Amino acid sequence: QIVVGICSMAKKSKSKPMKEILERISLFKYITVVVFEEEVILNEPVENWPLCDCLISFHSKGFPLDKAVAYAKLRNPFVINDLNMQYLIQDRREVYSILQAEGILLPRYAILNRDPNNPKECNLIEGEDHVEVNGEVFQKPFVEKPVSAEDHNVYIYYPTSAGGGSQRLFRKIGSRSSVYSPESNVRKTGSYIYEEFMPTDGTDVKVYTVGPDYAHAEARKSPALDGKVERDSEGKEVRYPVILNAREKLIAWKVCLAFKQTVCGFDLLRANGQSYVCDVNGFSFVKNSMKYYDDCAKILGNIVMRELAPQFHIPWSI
């Protein structure tokens, strides 16, 4: 049988969507799924990791990407989500750089790099209602994102005309995804991307690809101006229906290919009659959609069969 190896932290490998999708992939007659134990990933050298013919592997906090890369070099499996690109996905500067090169619309932005080596170096000037970054003016409202994509402490600064202060976003704690601060001055230490605030209807469009020709999208309330998480009478976070237009289906095709991540999530801001990518997250599954589980598993299984059936001498059509 063709072995599909799953290599990620246990929180990811044992998540409900993963388990649901792996169940369905296992339904393919000629595929066996092997899920790598976290103790093995963390503690064993790659020479002892299980064999696989196709590798689905992805970084999250604590994951040794260096080892996954070394495993792939050692065993040369068919890789679903490219491993080296996952270093770049961790850095918002690298993400924005790739997006620009693909001709993908994104917010106007400037990178402020703080090198602690040089103290004479100053590339940001702050005024009451704007910053100047590398000589470029960003009037409030603007967004300030840590260069680390894993750092979810993204701030938004309000104009004096709106009451000033700032909204501090963070990884969702229970009932809140952000909070207002009276602080009107930008952060003094660290490197950041400053970007123009894009006016939307108050929602984010979340896109989930499974290869470049399949994209699932849904909307959620933005944490931008209000941190209170919306919850249904059951208890789940409230989501809204979305159908991607032609332009957006093309954005999805480009993002999937440009980052070499078969399974990829990214965010769109629908503003001023266009759609702007603000964030590229890499490996991401939809939660609580049976149709997504069905489609994702079928697409992945078909990708594996198409690629590997020939060398395994398995009958397979188109």
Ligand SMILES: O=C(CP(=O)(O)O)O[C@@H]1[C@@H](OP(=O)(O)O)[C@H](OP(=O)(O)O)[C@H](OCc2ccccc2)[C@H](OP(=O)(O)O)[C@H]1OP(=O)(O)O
The other form holds:
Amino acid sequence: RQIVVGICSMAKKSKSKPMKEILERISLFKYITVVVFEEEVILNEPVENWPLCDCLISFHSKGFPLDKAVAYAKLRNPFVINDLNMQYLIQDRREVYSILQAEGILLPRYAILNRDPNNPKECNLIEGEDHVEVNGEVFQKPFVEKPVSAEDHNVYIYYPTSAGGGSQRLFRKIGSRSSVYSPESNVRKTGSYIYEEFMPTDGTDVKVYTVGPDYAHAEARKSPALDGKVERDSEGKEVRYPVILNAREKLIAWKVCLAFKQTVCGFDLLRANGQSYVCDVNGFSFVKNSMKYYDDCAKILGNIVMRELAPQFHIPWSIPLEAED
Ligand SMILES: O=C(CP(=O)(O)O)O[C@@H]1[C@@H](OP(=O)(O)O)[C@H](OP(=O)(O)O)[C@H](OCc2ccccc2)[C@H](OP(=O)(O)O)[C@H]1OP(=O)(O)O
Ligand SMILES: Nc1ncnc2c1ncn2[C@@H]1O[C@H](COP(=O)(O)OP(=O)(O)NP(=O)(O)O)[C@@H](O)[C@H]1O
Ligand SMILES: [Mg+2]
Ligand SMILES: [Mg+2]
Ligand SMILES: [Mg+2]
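Having seen the form deposited without the ligand, I'd like the form deposited with the ligand bound now, please.
Whole complex next, starting from this chain.
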């Protein structure tokens, strides 16, 4: 029989252009059949009624019942490409940074301000006009303030008096804009946050996309922190700049992929002061508008499936060569 690769995610993701491009390519593997789980089934059917698969590609996004996906994996024991339990931890910036630190991965100096919503003023925060002190640790402006929820994209940057003060409020893109300047110079007074040192880059973020620990595609985009106007090409797509990762960065990708147990994993790098710092790990993410990435990603994923399962299915398989970017 065929090896069944099940895809379990919200319809917005399962029916996205990059997903469809990759799945049509995985389907070219002679012994692989792809089954995409319907959103109505994921949401409303018990896991006992979900389709069977031998290999499961499943990931959380807004509205996704991660508890059910975990229960399905426990019930059916498929080969899991992106670990499901780690997807709880990827939703919490505190957990993400804790893992990065434990892997010896360079990241911005940071401190966690945990605030009790019942007693918001009893937390260990002291504020001056050009700095904050978080659990005693001093952050001179410029510094960055991130909600502890990794799903909350309201990241603020606070400017020093020497630069005019105020703040840059970032958010999920709304059309032409990804951030806006605010004259507010004082930090947020409700919620829990990570405070971290601002890393000076050339004005771009490096976005890294892994497919297993030995393949990573990278590209750069204008930092939303800069002025907040999104750069677009004549075709209306956001401008992307070419990147080739250095040896240090290829190792970072290897580490992130394995540490979070996410075969397919996106993360952000800040190239600053002659090193590269991880500031965000997003989990499952595909590159868009690259035919070569679609070819590479599908081949790698198919090869992973075959390597793991071909012996069980008595299918002859010789491990092929694979790209690194
Ligand atoms: O960024 C994420 C989290 P993830 O990246 O885990 O999905 O979700 C966004 C929504 O942002 P919040 O996390 O709620 O702050 C966003 O809500 P707003 O409309 O309030 O900004 C918004 O959520 C709309 C929404 C989806 C599902 C149920 C209810 C609402 C957005 O969806 P879309 O606008 O890109 O379709 C979600 O991204 P997704 O594509 O689902 O990953
Ligand atoms: N410590 C830092 N120093 C300088 N710039 C930073 C720092 N942290 C974040 N940024 C910038 O702010 C942007 C958003 O921060 P990030 O931690 O990626 O938030 P996010 O809400 O998880 N974004 P997403 O990639 O959509 O999940 C980054 O892409 C950088 O341009
Ligand atoms: Mg096939
Ligand atoms: Mg990011
Ligand atoms: Mg993120």
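Residues that one form lacks are left out of the comparison. Residue numbers count along the first chain shown, from 1. For clarity, a rigid core is taken as the largest C-alpha set superposing within 1.5 Å between two forms.
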item: Which of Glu126, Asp213, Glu121, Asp91 is displaced between the two forms by 2 angstroms or more at its C-alpha, rigid core aligned; value: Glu121
item: Rigid-core-superposed Cα shift at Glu234 between the two forms, Å; value: 1.5
